[PDB]
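Taking the form deposited in one PDB entry, here's one chain by itself in structure tokens.
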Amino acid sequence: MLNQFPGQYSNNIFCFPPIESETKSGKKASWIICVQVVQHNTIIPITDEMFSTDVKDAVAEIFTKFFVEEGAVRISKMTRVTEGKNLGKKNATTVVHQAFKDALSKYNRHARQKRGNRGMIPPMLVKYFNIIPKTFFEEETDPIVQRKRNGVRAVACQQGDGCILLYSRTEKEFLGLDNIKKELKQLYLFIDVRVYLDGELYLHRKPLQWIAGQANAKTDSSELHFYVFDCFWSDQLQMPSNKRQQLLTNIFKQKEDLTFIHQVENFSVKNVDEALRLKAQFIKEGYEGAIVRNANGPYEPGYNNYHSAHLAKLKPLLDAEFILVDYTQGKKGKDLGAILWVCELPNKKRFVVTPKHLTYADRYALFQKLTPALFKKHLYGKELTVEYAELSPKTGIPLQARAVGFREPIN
């Protein structure tokens, strides 16, 4: 019935069981997902026939409640379920059975990358972009520069049963990279089985889109390689980066004859100009950039997507200009009503860019106030500068795109 779903029904509201993660500062945090039943600015009971038939001018509103160990308590701007989906088909979800599976999805998703997950640890993420905090060189040992490969990141560890567990940055297990997993098992017969190996799934001269497809697919072509750049034990996380790289180096001397598993090569540096000279080298060899790691930096897992300040990536930030043609709007929660641009290419294929340095207070206005009559007089045809990481190799659309501003500025 309705109790298919975990949680408690009270006060016209069904909130799911709290999931509780620990903040980096050691404290306990709680997070609540809840659903309501608004009709004409009012709250209504919870039936078992809103899962069967829709009530007129009745929408379900899903909101989130997050709070610390009793500090301030947020409520999120409601996300309005106006309709169901697949309504003509045999999978027609009414607007409440759908809101209750939309919220239940967020329950299963939100568990990962927290402090639990089969014993997986989220990999460490870098903080600084084209910045090397000068404290990296003010230590007893020099930092390390290695290349950065435009691929999908994966962590390998051996579970108790002896099988190989290869998971992603959000703690999702990769499937069917059997060739890599095969030489991972052979390798684990010679090393401390409690070790984690941190690297990038990658195959040189292949786009990121192709590498991403091979990883997330159940079946696989078994051509990818695994380039390990770091290792750690769940026990000793404070082990400085310089030490971890030295054990990893001898891990790969326990077997120097593999096809799909290779250790990322390490370079020691004493100034910024050495790193950039290596960074320039890496991009001409075809790679994405360079990674700099503080010598005495611990391993800080990416819980709640936390980015460690002991790492930096040096990578070209690409800018170009694209013809503005139209405007649009977000669709869920806080972005409901926020402006988004629509650019267009020579080939005349269109895409969306989120503006930058614009308050949500602004973006609500520039969507409500703008009119096709007004827009056309002032903004249509102008050139929008877009920052991006790379061009879509199959459409030329800039991916990871941001709108910094125009060439002929406006308001």
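So that the term is clear: the rigid core is the largest set of C-alpha atoms that superpose within 1.5 Å between two forms. Residue numbers count along the first chain shown, from 1. First, how it differs from the form deposited in another entry.
- Superposed on the rigid core, the two forms differ between the two forms by 2 Å or more at the C-alpha of one listed residue only; from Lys134, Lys284, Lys89, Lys218 that residue is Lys89.
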Given for the second form:
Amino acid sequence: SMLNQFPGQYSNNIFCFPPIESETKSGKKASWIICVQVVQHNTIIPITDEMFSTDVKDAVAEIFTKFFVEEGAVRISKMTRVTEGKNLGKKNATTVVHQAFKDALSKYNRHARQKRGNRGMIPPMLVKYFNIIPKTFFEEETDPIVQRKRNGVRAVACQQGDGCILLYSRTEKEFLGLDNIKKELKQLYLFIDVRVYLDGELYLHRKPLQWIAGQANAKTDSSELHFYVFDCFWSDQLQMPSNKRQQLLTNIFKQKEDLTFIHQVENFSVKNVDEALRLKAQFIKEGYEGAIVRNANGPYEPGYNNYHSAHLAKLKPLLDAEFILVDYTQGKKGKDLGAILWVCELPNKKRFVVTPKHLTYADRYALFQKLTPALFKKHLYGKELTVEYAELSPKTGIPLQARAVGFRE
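Provide the structure of the form deposited in another entry, given the form deposited in one PDB entry shown above.
There are no partners or other molecules in what follows, just the one chain.
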């Protein structure tokens, strides 16, 4: 009875949600299937209706998933072991099996996003290269364009069938609030083609990313953010080269100067790498996150399947700091269960976890296996851990987007 509350089939005591079908960049169709099974004493057992109100002794709920290209190899993830419910001491308490279906249903709903194959939402183009400009950027018919990179939130604007303006995010989530932007967008769409997409950045200079992201994600906001547009495209002309999209975007902002919150990102032409680098250093002096380099011939490649376009480059400083190692832990789900994770402490006694980079999962599995608090206290506790990150948390000092690259000695 209860398995009918979730979509999918139930066979062999294994509940499989209906496949999510999508198109790859090569054109082949792909299928994504997430399943739930319960294992007690190393064997699969049926999923009873009572398994939603009372745990079974020695029973673990396992979430796994299948992905394959049409007529291709079938890739199955490691098991996500759900060993206990959540809110275990409240009226909200869920069961081992019930919580695993909530987790699996949550994955199922969100996985349908950013997939090729709507509401007209097209995922924004993503950047592949980081602090590297391919030489082919300067071996084209036109010189690449350098723009400022702003440390805010990604957004794409378009106009639905009705007069409403649609502002959505990297993962095709509709933004709420932001009425100062939408009203000026509604006025700008009176002067231009009503099927263009305005691709840009929600941002307010000298405000931290954390505040910007808070205002964009909250249902309401102080209506103080700006929309800096750096690209445009049409759904039926995605192959339009970058320089052409920039030229048409310039003509779009030549249709209305009465804009207070919507601005076109300035375009700089560079003949070589050094001029792009000089603009990067200048932008960092002005307080910006860095520079974006756009190949003049690149089409607009949406972020389907989180695709990163090879025709874009991200010039942004990579920060390296040192932090005292104080503990260690592991991941909890799938391939990261039993995989080592570091724990560092800041001067202000605040702690944070860092995922190790340049290590194999074999190394991570082994490290967490050989070690216990006794041997950790003898050696690794107290050492300096080299951490690559992008910025410091302004309220805590914690390095953000951090990854551990190794120790000093």
